[PDB]
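Based on these hints, arrange chains B, C, D and E on the given structure of chain A.
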Amino acid sequence: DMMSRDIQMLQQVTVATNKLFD
Amino acid sequence: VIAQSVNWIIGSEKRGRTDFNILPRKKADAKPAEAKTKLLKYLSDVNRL
Amino acid sequence: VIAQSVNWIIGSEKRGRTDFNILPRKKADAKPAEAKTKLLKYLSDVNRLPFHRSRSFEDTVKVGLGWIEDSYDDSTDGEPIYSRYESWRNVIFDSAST
Amino acid sequence: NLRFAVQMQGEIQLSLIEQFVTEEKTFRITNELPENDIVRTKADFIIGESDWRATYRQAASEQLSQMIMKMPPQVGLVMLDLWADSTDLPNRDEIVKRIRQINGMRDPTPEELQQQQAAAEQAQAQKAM
Amino acid sequence: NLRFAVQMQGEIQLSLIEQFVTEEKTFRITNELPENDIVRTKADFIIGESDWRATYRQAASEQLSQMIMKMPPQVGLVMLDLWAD
Numbered sequence: 441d442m443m444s445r446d447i448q449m450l451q452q453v481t482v483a484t485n486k487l488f489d
Numbered sequence: 099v100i101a102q103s104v105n106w107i108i109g110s111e112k113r114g115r116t117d118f119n120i121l122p123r124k125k126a127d128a129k130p131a132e133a134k135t136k137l138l139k140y141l142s143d144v145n146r147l
Numbered sequence: 099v100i101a102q103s104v105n106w107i108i109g110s111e112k113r114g115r116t117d118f119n120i121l122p123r124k125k126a127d128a129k130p131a132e133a134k135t136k137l138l139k140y141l142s143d144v145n146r147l148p149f150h151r152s153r154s155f156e157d158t159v160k161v162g163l164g165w166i167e168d169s170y171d172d173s174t175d176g177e178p179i180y181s182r183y184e185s186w187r188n189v190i191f192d193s194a195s196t
Numbered sequence: 490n491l492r493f494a495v496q497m498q499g500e501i502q503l504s505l506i507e508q509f510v511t512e513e514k515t516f517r518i519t520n521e534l535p536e537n538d539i540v541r542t543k544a545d546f547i548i549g550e551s552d553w554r555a556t557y558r559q560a561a562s563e564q565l566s567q568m569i570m571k572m573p574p575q576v577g578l579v580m581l582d583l584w585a586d587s588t589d590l591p592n593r594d595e596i597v598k599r600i601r602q603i604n605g606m607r608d614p615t616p617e618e619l620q621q622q623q624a625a626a627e628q629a630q631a632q633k634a635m
Numbered sequence: 490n491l492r493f494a495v496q497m498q499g500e501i502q503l504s505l506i507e508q509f510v511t512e513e514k515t516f517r518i519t520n521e534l535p536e537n538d539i540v541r542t543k544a545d546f547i548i549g550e551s552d553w554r555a556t557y558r559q560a561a562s563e564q565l566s567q568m569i570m571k572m573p574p575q576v577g578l579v580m581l582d583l584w585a586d
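Chains as they are written, first to last, in the entry's author numbering: chain A, 441 to 453, 481 to 489; chain B, 99 to 147; chain C, 99 to 196; chain D, 490 to 521, 534 to 608, 614 to 635; chain E, 490 to 521, 534 to 586.
It is worth saying that the hints were derived from the structure and are not from the lab.
Treat the hints with caution; some may be incorrect.
[As the list claims (entries may be wrong)] Listed next, the in silico BS3-like pairs over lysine-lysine satisfying Cα-Cα at most 25 Å (straight line):
1) 571(E) / 112(B)
2) 129(C) / 160(C)
3) 514(E) / 598(D)
4) 129(C) / 543(D)
5) 129(B) / 112(B)
6) 129(C) / 125(B)
7) 514(E) / 129(B)
8) 136(B) / 514(D)
9) 129(C) / 514(D)
10) 129(B) / 514(D)
11) 598(D) / 129(B)
12) 125(C) / 125(B)
13) 125(C) / 598(D)
14) 633(D) / 125(C)
15) 136(B) / 124(B)
16) 633(D) / 129(C)
17) 514(E) / 571(D)
18) 124(B) / 486(A)
19) 514(D) / 543(D)
20) 129(C) / 124(B)
21) 124(B) / 125(C)
22) 129(B) / 571(E)
23) 124(B) / 571(D)
24) 598(D) / 125(B)
25) 136(B) / 125(B)
26) 598(D) / 124(C)
27) 112(C) / 112(B)
28) 125(B) / 514(D)
Only chain A is shown next, with the shape it has when bound in the complex:
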């Protein structure tokens, strides 16, 4: 369950990545 939850948090953490593209 801890692994699944950590994977979900990895999913949570295009628009978020815009600074690298800029």
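Relative to the frame of chain A, chains B, C, D and E by itself:
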């Protein structure tokens, strides 16, 4: 998770990048307004505003 | 949870910013009304009135009331008629008014 | 309540302009019964609201274009040359001149003389025929 | 707040342009009452925001294209000429 929300806000702003477009009021100075707009665009380009 | 609702209200009013459009009742004088419309728009542009009005309503959402000034002042400042915000704090008003 | 206070501030401001502006200031900015000042003004002129719409000219062009859309295709062209005149095109004099050329409308001395000569010649030829 | 600060910066930049650019420099870059310089500029010129659209010519092209789409099939050809220009 603060990073996610901050990144979303900054990305939303950066997608909405805008430039100054000077509009004449008196209608008798449309050409000066366009010239000043071009100067502003040139300055923004060189300074990379 | 306060911030969400207050921000929603102030954003709703901000998307609804309006400018004065003087209408002549007679319209035998449409041109004077249109000139006055440009005059008010010029004053709003110079004094940045929409931002002042938005901030004032933002305060009226959070606290009881907000105050906006429309007065005429003499100084080296180019604008003769100034429209500025005063906070609900810095204003004392008579309570006897109905 | 915001609307009510906005009408208040509009009335106060309009009184301030009528009190403290000279006609020269208006001419530079703009190309152009009850005893109380507020009631006197609010009789002839009433305060209405439209969206911010940047300068007044943009709102004027928006209303004019809406009126065009309501107009039929025939009568539409003269409203169209007014809309071109009001709208802030990047190149405005030339579009206005061309829409006027195809429309023939006024408000140019060479164009006026050419149009008058053409009309007079055509009318005289028709009468002679 | 960003919009207000953008208007501030635009007005300031316009003031420094009016003060510190020469007419020959303006002609090289481009083919072309209140006492304050702050209010004097706002009196005749206002500041408006539009998408980046790279150079100014592309914004002009977009405005011309929308204007042509609004125009009828007749009279649109000359505006197409200027758009392509």
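How the hints compare with the structure:
no., hint, verdict
1, 571(E) / 112(B), "violated (30 Å)"
2, 129(C) / 160(C), "violated (41 Å)"
3, 514(E) / 598(D), "violated (30 Å)"
4, 129(C) / 543(D), "holds (16 Å)"
5, 129(B) / 112(B), "violated (30 Å)"
6, 129(C) / 125(B), "holds (17 Å)"
7, 514(E) / 129(B), "holds (16 Å)"
8, 136(B) / 514(D), "violated (29 Å)"
9, 129(C) / 514(D), "holds (16 Å)"
10, 129(B) / 514(D), "holds (22 Å)"
11, 598(D) / 129(B), "holds (16 Å)"
12, 125(C) / 125(B), "holds (24 Å)"
13, 125(C) / 598(D), "violated (30 Å)"
14, 633(D) / 125(C), "violated (43 Å)"
15, 136(B) / 124(B), "holds (19 Å)"
16, 633(D) / 129(C), "violated (43 Å)"
17, 514(E) / 571(D), "violated (47 Å)"
18, 124(B) / 486(A), "violated (41 Å)"
19, 514(D) / 543(D), "holds (22 Å)"
20, 129(C) / 124(B), "holds (15 Å)"
21, 124(B) / 125(C), "holds (23 Å)"
22, 129(B) / 571(E), "holds (24 Å)"
23, 124(B) / 571(D), "violated (28 Å)"
24, 598(D) / 125(B), "holds (15 Å)"
25, 136(B) / 125(B), "holds (18 Å)"
26, 598(D) / 124(C), "violated (34 Å)"
27, 112(C) / 112(B), "holds (21 Å)"
28, 125(B) / 514(D), "holds (16 Å)"
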